[PDB]
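Coming up is one lone chain in structure tokens, specifically the form deposited in one PDB entry.
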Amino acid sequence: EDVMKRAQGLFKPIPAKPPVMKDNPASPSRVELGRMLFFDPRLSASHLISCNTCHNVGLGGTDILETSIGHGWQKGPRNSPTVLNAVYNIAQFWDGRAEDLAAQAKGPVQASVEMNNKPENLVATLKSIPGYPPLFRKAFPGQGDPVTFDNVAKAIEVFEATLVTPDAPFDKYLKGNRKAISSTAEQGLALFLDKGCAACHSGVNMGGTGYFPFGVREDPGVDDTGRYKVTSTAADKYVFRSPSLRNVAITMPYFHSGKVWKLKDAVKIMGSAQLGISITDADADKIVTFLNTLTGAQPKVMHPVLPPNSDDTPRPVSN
């Protein structure tokens, strides 16, 4: 229709092929190594936590928990965004001050807070695991000492670029198949476009494109729509990334705080005066039916066989 046509300008389907990372060429050995590192809990000092713990490829690329602290740029606990299609995000942080956010993008996003704080421990751990240096040599040829914090992030990044979810019903719709989604789905899309949601949640990743001066907070003055609202005040130090809504139906809970569990309530909360939006409960329901067509084909990811410790591998730090 013209609804389809408008949708085809606002969004693009996820390509099936992993996107190319500038200055980070993919090769099977580098993808394979990134997969190992992504699932390797020895990257944490406890030896218990891997990327997959908080960005679980079985659970929509997130952890279905409210918040955690995973990374050095967080000022507090935040909900773990999906790693699925994360390589298509422009804005990669939940929130910050405008003057910081571009510099923060100097990355890497693929380092947890422990790795970023103690990159010497990361390298020493990997060098002490006999099967790693050979993989690093194969994945990063022509370097004398390829086992580096920067190459760890590069290998993860190329593996991460394979964690894309093409072929959601909405994407079949964008490709021109009007029947790929129900007519109620389509009405939800019409509301999404007309009410102005698409402006913030747009492009190939349907979001992750920018930061906005609205964040969902507790209302200071009985139900999630009554308890939380979109807030924007004079005193705001930080702006908020408007997230990609792809796979939103399988990555509850919602918002930077993880505090809203139901996708319907999230949608009602986004029907906010602060945003120029008023939606009825029946509107909210149609928008949800639409948001449920953004679930892509989930990657089937082999759990890696990790190289064993040596006697030299540092011990877990305890309890």
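Only the largest set of C-alpha atoms that superpose within 1.5 Å between the two forms is called the rigid core. Positions refer to the first chain, counted from 1. First, how it differs from the form deposited in another entry.
With the two forms fitted on their core, the C-alpha shifts between these two forms stay under 2 Å for all of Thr184, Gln143, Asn117, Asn177 except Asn117. After superposition on the rigid core, the Cα atom of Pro28 is displaced by less than 2 Å between these two forms. The Cα shift for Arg227 between these two forms, taken after rigid core superposition, is 2 angstroms or larger.
With the core superposed, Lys127 shows a C-alpha displacement below 2 Å between these two forms.
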Second form
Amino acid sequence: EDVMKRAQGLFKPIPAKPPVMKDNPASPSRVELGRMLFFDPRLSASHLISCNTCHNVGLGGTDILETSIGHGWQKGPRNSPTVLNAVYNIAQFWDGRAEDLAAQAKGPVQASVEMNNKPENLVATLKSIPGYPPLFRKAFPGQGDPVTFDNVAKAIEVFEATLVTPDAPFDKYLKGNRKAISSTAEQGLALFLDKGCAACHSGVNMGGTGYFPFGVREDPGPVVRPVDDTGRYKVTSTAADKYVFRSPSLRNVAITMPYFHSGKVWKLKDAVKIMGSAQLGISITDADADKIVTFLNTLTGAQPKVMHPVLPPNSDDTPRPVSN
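Can you give me the structure for the form deposited in another entry, which would complement the form deposited in one PDB entry we have just seen?
Chain only, nothing else included.
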């Protein structure tokens, strides 16, 4: 009431309807093409890794590993964040280095430790699969050559735009139903507010809104915060950016373990205590941390129900997989 209203002041429920991307209108055809591409492992050089591998729609849009493993079984430096609701973040990646989903999508396609593919190889492959060119024409009509690395990224973005998780019990709560979360969950909300967590995890996505040092008050240590990953410093070369990362969206945080960009903290409860100490210079008690987790559990929304695409088959001209 006091606390319901305070909450309504800082957060917003996820909308039912996908957001509108600029310079990228959705249409059943464009959305459908992006779904196909999201699950097509032929976007990787090896023909074995899809977006779904590291952002599994079945497992909260993530891979439940410390750090993602891709081409050659190589591990990356970072935990894979969820694609769910990612559309409502202000920029993409832990260091915000991509401005939106379309710019983001080009990254994993070319990264040597993810899909390890090159644009020319991907385009050659897509044009050699006879069912794809017609789908790119329905998706991108009035273009003489619709099969381009840019249109892949565009198709994927409007598909991701549909990957939202409305109707979490907390969104029902924000919409005026007090009974939608438990007493305990409400007390966890009150702790979350009073302790200062919403400074950095607020708005429609409970996070995703800005960049902050990981360690405002204490260094979280060389395991939780690998000294080599200076976050936004590698993007801007600005000293003030060292160890600065985007605050994540806490939506669906209960099912996207492990936690932090390093993926080294498996227990959400430990994540809560580390936030208290590292960001706010406090020791949150065990009881208190438990109440905040209970609150954080009500941020899990309805998971998208995604039909696995039936992908168009190779032709004989399809490029060969590349595994080395």
